[PDB]
Amino acid sequence: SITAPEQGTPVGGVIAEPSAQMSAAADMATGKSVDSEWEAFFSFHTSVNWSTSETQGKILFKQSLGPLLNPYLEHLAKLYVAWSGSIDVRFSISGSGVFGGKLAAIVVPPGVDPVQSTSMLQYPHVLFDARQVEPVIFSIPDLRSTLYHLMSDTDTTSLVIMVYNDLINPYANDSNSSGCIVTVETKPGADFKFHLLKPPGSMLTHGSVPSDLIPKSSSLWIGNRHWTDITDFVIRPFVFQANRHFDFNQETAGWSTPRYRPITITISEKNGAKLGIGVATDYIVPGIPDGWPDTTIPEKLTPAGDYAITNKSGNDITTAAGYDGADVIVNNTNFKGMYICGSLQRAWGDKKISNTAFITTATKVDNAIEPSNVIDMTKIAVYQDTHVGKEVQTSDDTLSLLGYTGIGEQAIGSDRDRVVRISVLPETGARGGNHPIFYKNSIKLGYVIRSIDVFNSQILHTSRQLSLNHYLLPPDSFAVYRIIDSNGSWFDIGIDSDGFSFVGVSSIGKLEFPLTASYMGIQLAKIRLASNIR
Amino acid sequence: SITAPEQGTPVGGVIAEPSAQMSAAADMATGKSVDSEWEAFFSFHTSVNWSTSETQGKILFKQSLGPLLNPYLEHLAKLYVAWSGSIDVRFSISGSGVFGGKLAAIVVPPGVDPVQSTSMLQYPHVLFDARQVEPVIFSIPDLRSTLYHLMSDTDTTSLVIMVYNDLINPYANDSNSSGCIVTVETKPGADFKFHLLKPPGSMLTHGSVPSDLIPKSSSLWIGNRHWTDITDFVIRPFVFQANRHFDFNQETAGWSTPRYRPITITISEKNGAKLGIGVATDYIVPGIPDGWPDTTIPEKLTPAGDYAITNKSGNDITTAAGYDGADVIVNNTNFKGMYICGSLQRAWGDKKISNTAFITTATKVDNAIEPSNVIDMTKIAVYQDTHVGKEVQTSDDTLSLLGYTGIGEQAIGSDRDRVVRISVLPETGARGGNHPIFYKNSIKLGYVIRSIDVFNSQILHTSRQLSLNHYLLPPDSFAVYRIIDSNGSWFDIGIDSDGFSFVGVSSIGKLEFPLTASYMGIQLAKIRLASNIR
Amino acid sequence: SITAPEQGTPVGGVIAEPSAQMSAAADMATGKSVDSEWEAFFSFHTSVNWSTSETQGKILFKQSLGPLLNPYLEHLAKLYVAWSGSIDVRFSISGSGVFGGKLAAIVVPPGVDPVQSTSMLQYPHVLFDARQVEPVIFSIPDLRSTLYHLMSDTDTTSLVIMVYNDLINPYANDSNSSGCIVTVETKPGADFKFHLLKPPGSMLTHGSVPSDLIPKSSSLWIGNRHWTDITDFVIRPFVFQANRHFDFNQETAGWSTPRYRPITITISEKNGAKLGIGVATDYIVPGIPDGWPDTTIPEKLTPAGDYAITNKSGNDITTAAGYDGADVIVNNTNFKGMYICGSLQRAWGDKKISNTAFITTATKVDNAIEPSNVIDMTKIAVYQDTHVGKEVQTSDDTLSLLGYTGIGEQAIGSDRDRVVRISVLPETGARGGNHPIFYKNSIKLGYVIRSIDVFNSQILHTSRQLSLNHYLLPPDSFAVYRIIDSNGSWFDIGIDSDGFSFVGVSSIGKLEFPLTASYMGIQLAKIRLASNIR
Amino acid sequence: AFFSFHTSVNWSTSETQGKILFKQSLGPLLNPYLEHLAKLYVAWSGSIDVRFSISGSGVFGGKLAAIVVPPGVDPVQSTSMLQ
Ligand SMILES: [K+]
Ligand SMILES: [K+]
Ligand SMILES: [K+]
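Protein chains in written order, with this note's numbering: chain A, 1306 to 1839; chain B, 1306 to 1839; chain C, 1306 to 1839; chain D, 239 to 321.
Isolated chain A, as found in the complex:
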């Protein structure tokens, strides 16, 4: 009639029933007399070194209250929404007995962000010595303004250790420098309850937690400008892109989408017009084909004929030794800064073999094209030899990004004078000590078999997910993903609300690329991102 979450007429196992005489035997083999073991045994969280060079007032440990301080709880929070109560944080240390040095400990209240200075000690502090023997506990209370917390709450109580009085090795010279360590462990406490069970596969209203922007492995990675696989990271102080740069508001200023499909267009050439103006057929913005690239011609030019290079007046390369041995590759070609576009080129009557295309954003001037770094319905440009004879053709077409022809140039995307915004160029400088990065992609070339580099603001999959999946990120904060090469050299990437990646070191160097990417958590953009290199 009206049945409840447990109501149901029982019948029992038909041949047997659950024999509780049995299950004790399992409890007899093991020590299983109690559930929720994690409430009664400590757990590693991190460890610290403390040495004589680390002076007074330094902050060693700094962690905020939360479930993440014991990974069991990090695993159970996925079921639930909320949490309330305290945490314990064991401290253990072993010094020689000849050493000295006293070491502090402070719970701070929420809303603050501590500072490596003694003014932090103008506050109730507990000390302990490096001669300490029995470990120490420091129950961290929950000092909150609300009845409970969600999992996306950083404004919490927190803890710090700091070097009250420095370390002393009497036997040591001042040149050589030793140092003990400090091991930290945690435990949930006693008043620590979660709350508000979540029905899977729900979608948390403010948004989910970003942990799928970057695929872990590498082979799943391609850039948001050209389909070729990542190979290396590139630092710049400034970054900028609009074609597929989707922010956490799931929008942009671009025109394109995160799918590298062909590009259907139509084109209405009259007399012998190799070129024309291709018009939109599929899009999200009116008058712009989806997936269209973002790069102008460098300079004005006349699309006329075939490739041309040089070796400074004028010994043209036709091999590798000249090219790789050449000084400059000045590229006298007359269709320089365009893509290559596989070019189906259908129409009624063109019983031909569909010659190949070249494109850019630019205004035509009656035979030629002028650069213009803003797209409209008009800038779309072509050069593909539609086999025209003053017999007006009106060909349908469909293309595919393959390479580039501006040989000798720098890697694409480092010149905002060229890049094709509409009105807004999304952009960041740096933030804190953390610097931006592009992602590199080798792209193909037309005449010389070599390949040039590309710059990418985002992996595609990083942009696909943001077209769809509304996430949380306070704009002052980052989504911290951690990288590990085959060797073990790691560094942390940060990702902003806008979408532009960030990193906390001035260079990388070389590394075994079959690298992976793991999740860490949220971190504040006002802080540097870590790195262990070499």
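Hint data in this document are derived by calculation from the structure and do not stem from the laboratory.
Among these hints, one or two may not hold up.
[Claimed, not checked] Below are the DSS-like pairs computed for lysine-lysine, each with C-alpha atoms no more than 25 Å apart in a straight line:
(1) B/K1383 with A/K1521
(2) A/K1657 with B/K1669
(3) C/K1575 with B/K1605
Given chain A, work out where chains B, C and D with the ligands should sit, using these hints.
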């Protein structure tokens, strides 16, 4: 000296301690009774249709014992090596006192391969009717020879539902099967106990369930054979594909991967050869490129010229009204059943810009080709003019699947004899009362503006996830997903371990395509699925 | 609503009543026990040998525990999936007074790979001298680690006989062909008890018990290479076959199936070729037909004419019963070695009585052929008088195999290089002092009336069941089937996982062929089998 | 101590007042367990129980009639047995 897993001298939160009076107020917000909520209610598991046709001695439901029957446990089984105890599985029949048809319920001991036969009822069977008021329970016990199971064990108790009196309803039809569905829900049971805690790392993370095999919309969908979108579902009692047809064993007969990238090959010529034997530059199988397609030529033919099609076998025609205004179409062309790839067509020292290519598999004999379907490193075929005079060329190339040539044809992937398989062709037939399907996907044609209809066995996104993630399913079941056209109608789809989609209706027809998809559960393979049309 | 397993409305005996004064009357005439009577005597089980050639330390009879040791229990165990408890045993010898010699009987615990030596006797050993008239009783307890066992478990306690002192017959030290038969008999202890009804018609997962691999008559036996009936057996050190040879993983290296049906192919030839190449219609492996033979020509040849058989290299063409006088019948023919097949030449314009096949596998270089050690779709041979001319005359042929042509050759199968293998050739040697075998049927010749011998690795019914059904056997074990002639002369066949048979002697002689069979258990591979013959 | 499936029938519409739907002399053969054990004996004695279930949950009108005929007779396909 020693310190135990809990020992450590306390000092407490120095500014304040945790107040239980606070944490109670959290419980005052919620209705927090006790942790381990999952031991006090039920959870959805699946839902099984039961049409008129299910003659008795035919099974509906079959599930072994284990924690995977309740995801709250599935999330905790990663923390404990071992488990033990019972499990209650609720049942509830749709059709509120309207229908007839008893339905059995058997627990079998471990170590069996049950059979759709009445001999299974030569055993203690419980029956219940389709006029059931209160849902039904059937507490499964844990019968075993060892004290505690592991997570990997399978030799366990298992429940089955089987038919005992075929139903009755005058309110259904032969095509659609709206009506009976048998909801199943679970609950751990009193004696259920995990055992033998483990640290995370290890967190093996296997048990991946089908939930992302299809998106929740159409516009993401694309056939594995060709990049264009879906627009219709097609039935055929047989089914066949090999290029990208992946199974839950994460393998195939397919030389290719699920990525529509281009195809790089280094063709070579001597004097004037248009055609040559393309060779790999990227692959997973030796010799064959990735993304290389599967459709042979129909016949022997000497590719030597341009397009030509003629109506009536007495004419030549180059316009739409003449195209449709046609007795038949003839295709007097020399590259008939071929493709339209882009062909960047590079080389060292070779101007005379890139042209278009045409590719299939075929065996080449000195000026021509013939259809072979058993692809090897020799069967590759091209017809691009790389401008070769009297000398080897060493023409590197890249190619992206972009069209077709065989006008006059009206579908692809329907003649299995022309399909390219390495050695084996995956294939199925009808099952239960369910039948296979294809996913239609329009495609380009070349000289003529029209298109033609492809058959596809798999969405790419389906085939991508199978390439990677070890999804779980028995050999004789589906991973059912639902479909809802935007007229409100719906039908279900099943996915066997092989990857072939399956359906239960006899027809589809036209439908409001802007549709959705969702996951209902697991269903035994040998049963008619559900449906409702118009 | 629900009806439970034992829920109904008892109206009962309408005319009468199931009384109780009567049932006890039947009891007192026949007597009773506690619902069972096979727990009070010693069933007969088997009998084995003990001859002079079995020296000290050697073994005769290892069977593990299980209900197979009592034919009342092997019967019942088809109702249950489980068991637990011991056995009582009685063995004895039917020896003369002169036949001195001593014997042993040990229960070895589980998890042992015992040895045909004497070190086992340091375990508690029972004795039984041949002179000892009266039998002996002892027990076999179920020393196990689990709460119980399953029928698919074969890692239990096990009995072993061992020759504590060898046999002696002081009289006939000429032939050494003595007897001393042993017998074994079983009674279960009251501790014995089954568990866990198996739902009838249900199989097991680990696999069934092999007790239907061989029929119970020679009349139902035929070879896995030719349809003829068995006549006699053969021993060889090396044994091998690939055509219809299946293993207990339901696999094979073959191309064929366990049938003997007409083959159907499709010639396509011209110019009076008479040497076509057959393509496939039905198969399991592509290219190769099903039921196609496993034999290559001896050597190269050129088919034009017809038969020829001559006495020697200096003389006549025997063509009569005066041919045995040759002893070196040399077969100087047009062709040799082929297998004959009937035919049905269906070609649309061949209004003539169709004509015989003369096929094999071989390479067609030219109008001649050459040997094909290996099979492929190009290595299929025919020599028909297919009624053709200049013009192509395609036809279906519908072959069916009858006999053989390689007069004078030895029994087929010996010639390894003539035998066909795709890639792999299953092969064995001696094994634990046993010998492998073939099975000898006959096959018929072309010209003379006579019949040459043929070898076979399996009976056909042994091969149908293994393609289909999932039997159980560990690799270090056999399936012991006892073979009996019309006399009481008998022996035992073991069968490994691969399907190759084995025997524990080096000869058979001849015997009353109306023979039978019976399953007897699971003996190791190390161990010698029985032989009670002459 | 429970019930075991034996067989199944079709009491369709075109069957009338006097047909027989089921007729089996007594023996082990009314239970496929016992039949597997009659191979181990040459005798039996005692009643057997039976159970029916009709599939007309509340719909199908129409009833049946049962008789326990004695040993020696061989019943017929008429109404007279209902005397
Ligand atoms: K064209
Ligand atoms: K070129
Ligand atoms: K004929």
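#### Entry: Hints not upheld, ascending by number
none
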